[PDB]
Amino acid sequence: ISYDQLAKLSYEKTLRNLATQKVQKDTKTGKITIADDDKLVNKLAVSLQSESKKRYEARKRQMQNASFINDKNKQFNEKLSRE
Amino acid sequence: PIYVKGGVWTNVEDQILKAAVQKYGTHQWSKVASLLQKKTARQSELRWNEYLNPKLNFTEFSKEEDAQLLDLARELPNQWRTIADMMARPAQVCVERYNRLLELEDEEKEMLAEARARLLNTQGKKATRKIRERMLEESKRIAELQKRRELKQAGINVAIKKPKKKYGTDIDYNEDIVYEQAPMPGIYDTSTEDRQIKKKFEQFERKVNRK
Amino acid sequence: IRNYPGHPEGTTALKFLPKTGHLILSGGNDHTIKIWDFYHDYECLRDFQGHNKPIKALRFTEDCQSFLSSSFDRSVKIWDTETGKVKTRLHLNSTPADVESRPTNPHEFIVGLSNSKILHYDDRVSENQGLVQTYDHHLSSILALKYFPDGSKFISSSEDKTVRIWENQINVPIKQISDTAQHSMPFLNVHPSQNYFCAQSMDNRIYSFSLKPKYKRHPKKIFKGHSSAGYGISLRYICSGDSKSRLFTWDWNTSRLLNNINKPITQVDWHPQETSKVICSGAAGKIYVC
RNA sequence: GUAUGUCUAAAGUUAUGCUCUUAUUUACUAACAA
RNA sequence: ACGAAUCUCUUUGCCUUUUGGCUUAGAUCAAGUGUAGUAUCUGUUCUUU
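Chains as they are written, first to last, in the UniProt record's numbering: chain A, 95 to 115, 142 to 186, 194 to 210; chain B, 5 to 107, 144 to 251; chain C, 155 to 389, 396 to 421, 426 to 454.
Be aware that one or more of the hints could be misleading.
Claimed, not checked - Derived DEER-like restraints, expressed as beta-carbon distance ranges: (1) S405(C) / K206(A): 21 to 27 Å; (2) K378(C) / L176(B): 19 to 25 Å; (3) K239(B) / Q182(A): 34 to 40 Å; (4) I154(A) / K239(B): 18 to 24 Å; (5) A45(B) / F203(A): 41 to 47 Å; (6) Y207(B) / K375(C): 46 to 52 Å; (7) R246(B) / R406(C): 54 to 60 Å; (8) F203(A) / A157(B): 19 to 25 Å; (9) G150(A) / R246(B): 34 to 40 Å; (10) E321(C) / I6(B): 28 to 34 Å; (11) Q182(A) / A157(B): 40 to 46 Å; (12) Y228(B) / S248(C): 57 to 63 Å; (13) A157(B) / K378(C): 24 to 30 Å.
The hints are simulated quantities; they were obtained by calculation from the structure and are not laboratory data.
Beta carbons: idealized from backbone N, C-alpha and C, even for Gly.
Could you build the full structure based on these sequences and the hints that come with them?
In structure tokens:
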């Protein structure tokens, strides 16, 4: 799977996470003030943190699963064994 | 006592050698030898080549294989290394088969402990020294803090001494921004956001002060 | 359990009298040494100091007649118990962070400095304005010293994470301690055999040391779980306080017991004439007794 | 014994299962002695 | 039963602390003691759990 597909497929996913539940320009300054809902941005912030948190804890679990000497080697032998 | 090396391969010793081989590989025979207090480099390497290496085989020969062997003997007279290679076996074993066809613990535990210690210690002295200095440095820092904190409790405010800057252009990063590469100029307006973040920052500082 | 407001300014240095000790000596951060008793009727006899800075390390002699005192303005002062008119040491290089007198003869008297040079002062030698001999085998500020209780051997840890068993006056390290640990407060457990020299660390873990012989130093079991910026004292039990919250009683045999609330600060001590009574030293006139 | 690298070298910036006792090994280290 | 959300696991995908040069393998593999330290040994006794 390429990063082309994995992007669109992850795009499709977070659209399902959405599916759960004005422009004003001063052309002299060039400042395009898009006044939008402050509640929705907060809902993005919390959701995005939660998504990253979910992933963060996902590694933590997978790190705590278990012919080596030190932390790295064990994993390096695991990088060899997967092949 | 110092002495001339040799003897016989105790199973523990063999295991140790195997471990070493896994660690250091098949061409650093000195180090592996060193790991074994009894056995030499040459001895070790020979052993690995002859007995210990897993990509050898000691399974019995099929009738066809027997034929191949004895035929080789008939044709290549006692050039047993060559013969071994032809067979695809180690040579001593082949020879033995051919012949057949024709008719204390404290010390050991010491080296073990030492061995395991070594194998689980895989850094040059520079590394070890560096980590030592790091932990020492940390300790020093905490001691300094304890003094400073103690004085604060006592009522004397002491600012923490800077790191004695190594060179003229050495940087303290809390003075001012590291190399403020600013964001790309604003297409969408950013003013309210700037304010809010500023407030958040100042608030955080306040919290820290109170903390 | 029960309180007493002593020193309104933060830091304190609470200590009982020796063995047969009915008294509660304090000397806080408010540059004033004060005196209160174990009898609930807390009676105030204020030993006023003269020197400008706050008073830091206060300890008694074996006699219970004169107590030493250290401040930040290079000033150590000896103090007679009830009267308080007594020999004085106005002049030093800079603050001695910790000081202790001999547990067998009140005459000999060690002061330990920030410059890492330790100083004797006998009774006739305090009259001389001299030293029996200095020590200079610690290089960092020492802030920490206490005698092996027979009077002879003498220990002083330091800011560089090193402890030093000495003979009383020899000025030659019997033993420098290991490096990778850290140490702050040195206190000998009232150990029945009297083998043990305990000491608090920076890294939340009080240690134990076989002080007889002085060359012995293998810790048996370490007392973990007291986020340390403070102090600790023994009698069965060792009780030490932490930086953040509250005090910690610990079974000296197994290293685990109750964790009593303090209210911050932490300097624990035991009323040794009794079996079960503690003093906590909170910051800013919050001394708790049990 | 060195390169080398840290350290010190004084003036106050105006806030409210264990403990123990020992004896033995081995290793490493040691400009300390032989 | 279909739709959705939450949780756990399994299969795959992602390698997520996952080897960062070159030379003659870069070169050569020892004969030590006592004194001290340090650690590590092992025994050794007793205590109480």
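Which of the numbered hints are not met once you compare them with the structure shown? 1, 5, 7, 10 and 11
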